[PDB]
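Trainee: Next come the chains, spelled out residue by residue.
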Amino acid sequence: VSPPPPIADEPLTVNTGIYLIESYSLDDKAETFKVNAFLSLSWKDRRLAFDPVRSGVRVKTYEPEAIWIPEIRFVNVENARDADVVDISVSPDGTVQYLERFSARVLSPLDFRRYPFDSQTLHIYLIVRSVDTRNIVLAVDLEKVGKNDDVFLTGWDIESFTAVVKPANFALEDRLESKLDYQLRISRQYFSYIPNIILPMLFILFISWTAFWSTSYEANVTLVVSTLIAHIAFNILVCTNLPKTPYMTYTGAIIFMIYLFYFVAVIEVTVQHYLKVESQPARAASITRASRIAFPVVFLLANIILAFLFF
Amino acid sequence: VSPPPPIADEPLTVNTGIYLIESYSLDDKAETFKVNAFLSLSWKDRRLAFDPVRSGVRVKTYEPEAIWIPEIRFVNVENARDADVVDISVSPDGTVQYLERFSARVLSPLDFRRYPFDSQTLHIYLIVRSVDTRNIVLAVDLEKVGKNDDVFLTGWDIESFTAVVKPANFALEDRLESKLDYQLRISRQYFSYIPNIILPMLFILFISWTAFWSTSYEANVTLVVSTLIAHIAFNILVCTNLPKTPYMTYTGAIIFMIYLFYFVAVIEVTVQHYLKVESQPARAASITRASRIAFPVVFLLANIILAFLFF
Amino acid sequence: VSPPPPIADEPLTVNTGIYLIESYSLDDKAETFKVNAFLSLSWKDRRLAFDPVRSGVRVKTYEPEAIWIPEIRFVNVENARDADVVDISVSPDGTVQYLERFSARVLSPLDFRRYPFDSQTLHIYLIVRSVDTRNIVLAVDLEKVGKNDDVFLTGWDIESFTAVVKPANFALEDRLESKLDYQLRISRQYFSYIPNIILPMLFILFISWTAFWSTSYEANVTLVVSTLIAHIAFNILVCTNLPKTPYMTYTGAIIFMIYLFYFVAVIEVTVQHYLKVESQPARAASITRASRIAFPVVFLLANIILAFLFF
Amino acid sequence: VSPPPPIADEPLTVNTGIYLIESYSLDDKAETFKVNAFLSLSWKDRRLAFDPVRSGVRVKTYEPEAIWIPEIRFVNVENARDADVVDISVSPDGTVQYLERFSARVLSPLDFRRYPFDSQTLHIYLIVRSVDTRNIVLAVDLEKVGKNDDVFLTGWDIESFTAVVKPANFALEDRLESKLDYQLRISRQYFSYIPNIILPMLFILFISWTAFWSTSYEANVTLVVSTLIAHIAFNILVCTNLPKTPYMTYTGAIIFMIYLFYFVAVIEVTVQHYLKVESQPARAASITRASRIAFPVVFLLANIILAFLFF
Amino acid sequence: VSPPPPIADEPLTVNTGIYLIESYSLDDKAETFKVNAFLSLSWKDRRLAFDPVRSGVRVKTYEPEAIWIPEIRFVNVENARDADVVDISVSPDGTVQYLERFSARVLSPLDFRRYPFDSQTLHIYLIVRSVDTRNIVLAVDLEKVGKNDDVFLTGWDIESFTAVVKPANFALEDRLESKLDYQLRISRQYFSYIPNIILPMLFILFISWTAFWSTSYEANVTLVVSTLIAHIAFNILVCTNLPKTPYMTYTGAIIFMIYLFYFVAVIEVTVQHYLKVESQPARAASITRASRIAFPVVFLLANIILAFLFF
Ligand SMILES: [Cl-]
Ligand SMILES: [Cl-]
Ligand SMILES: [Cl-]
Ligand SMILES: [Cl-]
Ligand SMILES: [Cl-]
Ligand SMILES: [Cl-]
Ligand SMILES: [Cl-]
Ligand code: NA
Ligand code: NA
Ligand code: NA
Ligand code: NA
Ligand code: NA
Ligand code: NA
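Protein chains in written order, with the working numbering: chain Y, 1 to 311; chain C, 1001 to 1311; chain A, 2001 to 2311; chain R, 3001 to 3311; chain L, 4001 to 4311.
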């Protein structure tokens, strides 16, 4: 088999469509997601044209090996897609309608800057390489782009599944390549992060601040050091669900900043004890009373500054 | 091969059945379960009809490639099922009896609202796409739907395996699709959660309340902060077996509420110490004595309210 | 190819044998184990009979596709076995000797009631479905059932590998099914549980009982709360190697009971402190002295009761 | 099929090229990385020469089985590459242009000495074994070596992808082998290690040094022992992301050294308490005051020495 | 195809060789390792003999399906090897030279008695089963046994790769089996265990002994209980990288023994406090002073005894 010949000098247009059946396993650390979808392909092959009136058949069904099929691939997949041809239909003028159901693990970079209040644009890049005989170009049949209503991505809200209709045509290894960008827009369900990580992290921090209403050094050391260790546990827990980033994430910024609050609280607790031992408690009292206001105020203002810089 | 021709204008009815052999690996985080079952298919193909007298055979056995077989797929599977054809039997009138044994990883959403006292309805969606020549519709042969008596799902009780007899017929990519819903009803074995998570979590909370019978601030700080850290460990342990949900789970609600009890216990312990240092112990004694009743009473009432809202 | 015809109305007997080469990966949580073995099959096919005198050959060698082979399957496997045919030998009377080497992941329920002093009977169920032309029945050739001397299952002792010689013949989807039960009896190597989990768990518990020889409330709170947290760590460690069970395991019973001992020790420590603060130390002394005897005595008797109920 | 015959006694030159499409999963512990790329091959086969006038076509397209293709393999791969032939083009003189897209898990040793400020040279070794009829030698077509602009390796910066143009020709099992070295130079994104591991580790260490401004032995024991335990947690966290090395890593050296600082701090805290109990506080005061300067000074100098030895 | 006929009554000798290309993933818990190697096979098949003068060729190249090839298998593999035939060469006298490149996951028991200062002998068992027509025996061609210089096993030192030249010939299911033992000798790189596990474990133990220079019960309880908990963490860490053994490992023996030292240290701390409360400090002082010498002395002697018993 060889590609369909051009009537004049035009490239062969392969109309494409992706219909999502299932979306699952969005792995933040690996920056991958699994997809199960229909891939539809359509092109004109005049060598396959037939007469509807004489044949009595309006459509002809072929096996993939019987006819020429464009070699369509995915750019950003771990391994080649697991595909099963559903149907191949040829109309009298030779218009081929190809349909396959596939499953693939897609590599798509994620921006963690606003985590866990982040939104992502996942990409599925469709590609075709031109042949010596003729140039193959990709197009989007909007009527064949979509998703099943039941499509759910655990821990995420699916906003839209659209295609950038204009392909990216470029030369690669002295041959033309036609690339299409299918975009799956998602937003993270931040809900569970509030009662499980954010509020427990704030509770232990506020518990360390009770040391500002205590003169007992031994109890203060226990309050600030124990809560700091619990904060380290939350820092470790958060970083297990995330890859290492060359930038600060919103959660990472708050987590880092809270260490400074624990460090300064230890200094205050040390300074307070030192002064009391030195028979200067009136002074230790001034620092402790100021700390009661300073710590929540600086914490509130620093969080307003951080939320502003990130959102 | 092509589909069987209609005698009049009727769709081809493909009778289906699923007989469960094995059920395993219900993954809560992934919202998947693995299945090993028999898939039975039945349809009339008049082109395969034969005479029992002249052939001397009552039934004819064929290889899948020798005859036309409907392209039956599963909607909610990770990858295409691993299938092996067991038997293909044709009766004299051309009634085909197809039997295959398959294994598949099924994606089926789970409702964690009542966890670990939750029940689920797992789904296996059977589907067929219509061809140009004729429309293919699915039906349930109740005589061929069931499960082996030994079918066990570790950590779950299997209630029933039934099929919604009426298919969901709809248009997808300008062709008719016929979808059947096979339902596996299961209920979680909550037993082990009681001695391993629920009671240890209650024990540490009740241990923190012993601080209401102590005037020792240093011992009280140790009691409430240490048990809080153990509560954080249980919260982390529980969330490792669960995906992130955009709603509160029953266990999650109790776990979250217990943090408030630890936070208020720290306030009480701080207030008690502060008053005693300020030479107001008679007052601290009133707050501590009230706390001895208030903490278990509010805990009991809040749990009754939560159990009511969730069950 | 079609099945061998019956001389009279008898079922076709397929003689079976399993020879274990390797046993590995017994997964307690998944209730699976991996196996690498020889599967031997033998049946009479008169259509394959030949003359030993005239041919000069005692045996004929065939390729699997050249002759009829019974469709033998495993009931309790995750996916279909990975099999490679080793030999097919036909004797002059038409007796076929089939040999394949296979590997499979077997699902076999485990009874954790006596863990880690438990024994298990792992099952490998062989099955054949009857055809329209004739009924197929399975048999055990004891001469072809066994295991390699070097067969080791890490963390387990292999006792025996035997087969229940009588098949379970039953009707499934209007056809006869012949099922054989191959049993691999194993006993857990409990050794390592003693120095790694049991004795460290007992050491920390006995350390909490030193609080009965101390009047220091602050030190007592530290002794009982710290060791309780270490007990929680051991409880979590034990449950990571086990699935969730709808029953109590022996280890689970001891682990649960030890929480009650920590809870009552906290009550004692609280009662002792309360009385001393109330200027009643003579009374606190009576409770503490009684606790020194009561705690080890009740612990010993409760363990005798538990060991009796479980063994 | 057999190899192309030599015109004289020359080896067959197979021109190669690797164009990276995707780079992912750099596993530090396993010392592997996954790659998705184009492999281009070119060689002259005069037996495939054709006349464009007689055949009509200027270039001929073949299926891999139809013609002789050199057996090109990767040396350092876990399993054989997952490859799909994209195109096989034959020009009139018999010049074959082969193009395949492949995915592979590559084993490439990593030097962790400067971790997490390390750089690596990942290797992809291309190899061909000579046949009896003639010797096969590999060459690099620099025009067909490259990488997609979007190629990203999560947690790493990609510097370059080049090939050592001269093959390593050697004898292996009495036949010639021609090996090419494709090099992917990467540098670790150390950024996240600073707020997540390095600074929290320094904070807890500096917190232990507050014991040098405290006379309270019981608070000092709490300060140094608690922070030491947090340091053990960070040591364990760091070693989970690394394989075991027969050398010290930069991070490993700092982590190890910090233990010595905790050990000497415990000695100081013990010595201080012992002297105070012995009614020698003036002396304990001299040791404690010296420690306030000695500990940060020795820590700074030891880190300058370590940074010098490692960088 | 059938096996080569014997000239007299001799068994067919199949000469073997294994050349290691890659060694990776030595899994201690699973007792497996992955291998990528060349498997060479050689045997005489007179039916393939040819004349060099008449044919004009000195060697003939065949496809595996064209000629008879002995069914060579690996005994101790999880699944069948992933193999690709590289070359099949036939010399004029009919001497066949077979070469394949394979990858396999090998099951090989490990002796952990001296861990982490252990050495292992990994085995790769080659096997052939005899046919009815004739007996097949295996031999080692030492010229074709070896390993690439770059072969590295992360965390291990590779000593040698040799073969036991004499096969183990035995009867299995009334047929002869010929088994060869290929041995890969390795020694563990214990280096990293010293700064990461051994020395931190010793530091925390020595820190618990500072309680013998302290009269403060509350600080002593904190010293011994906190370090014991850190020792439990190291015990858990060590056992995660090891399978459960029916024997004591060297590290396991030291780890277990250290618990006894913590237990006796708690008794000493309790006895010391009890006597001081009972107004007997002169006596408590004698026990504490003796403990300062006894604990390091008994620890040193017990370790000398253990090292002697294990090495
Ligand atoms: Cl693809
Ligand atoms: Cl499917
Ligand atoms: Cl099977
Ligand atoms: Cl390869
Ligand atoms: Cl094999
Ligand atoms: Cl024998
Ligand atoms: Cl034999
Ligand atoms: Na085609
Ligand atoms: Na068909
Ligand atoms: Na067959
Ligand atoms: Na070829
Ligand atoms: Na304390
Ligand atoms: Na062969």
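Note that these hints are calculated values from the structure, not bench results.
It is possible that part of the hints are untrue.
[What the hints assert, rightly or not] Computed from the model, here is a short list of chain L residues facing chain A with C-beta under 10 Å:
| id | residue |
| --- | --- |
| 1 | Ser4226 |
| 2 | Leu4228 |
| 3 | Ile4232 |
| 4 | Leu4242 |
| 5 | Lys4244 |
Note that beta-carbon positions come from the ideal geometry of N, C-alpha and C, so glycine has one too.
Trainee: Take the hints in turn and mark each one as holding or not.
Mentor: Going through the hints against the structure:
Interface restraint check for L/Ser4226: the shortest CB-CB distance to chain A comes to about 7 Å, inside 10 Å, so the restraint holds. Residue-level restraint check for L/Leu4228 holds (minimum Cβ-Cβ distance to chain A is 7 Å; threshold 10 Å). Contact between L/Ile4232 and chain A, as hinted, is supported at the beta carbon level, the nearest pair being about 6 Å apart and thus within 10 Å. At a threshold of 10 Å, the smallest CB-CB gap from L/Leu4242 to chain A is about 9 Å, leaving the interface hint in force.
Hint on L/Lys4244 holds. Least Cβ distance to chain A is approximately 4 Å, under the 10 Å limit.
Consistency with the previously given hints is maintained throughout, with no hint failing.
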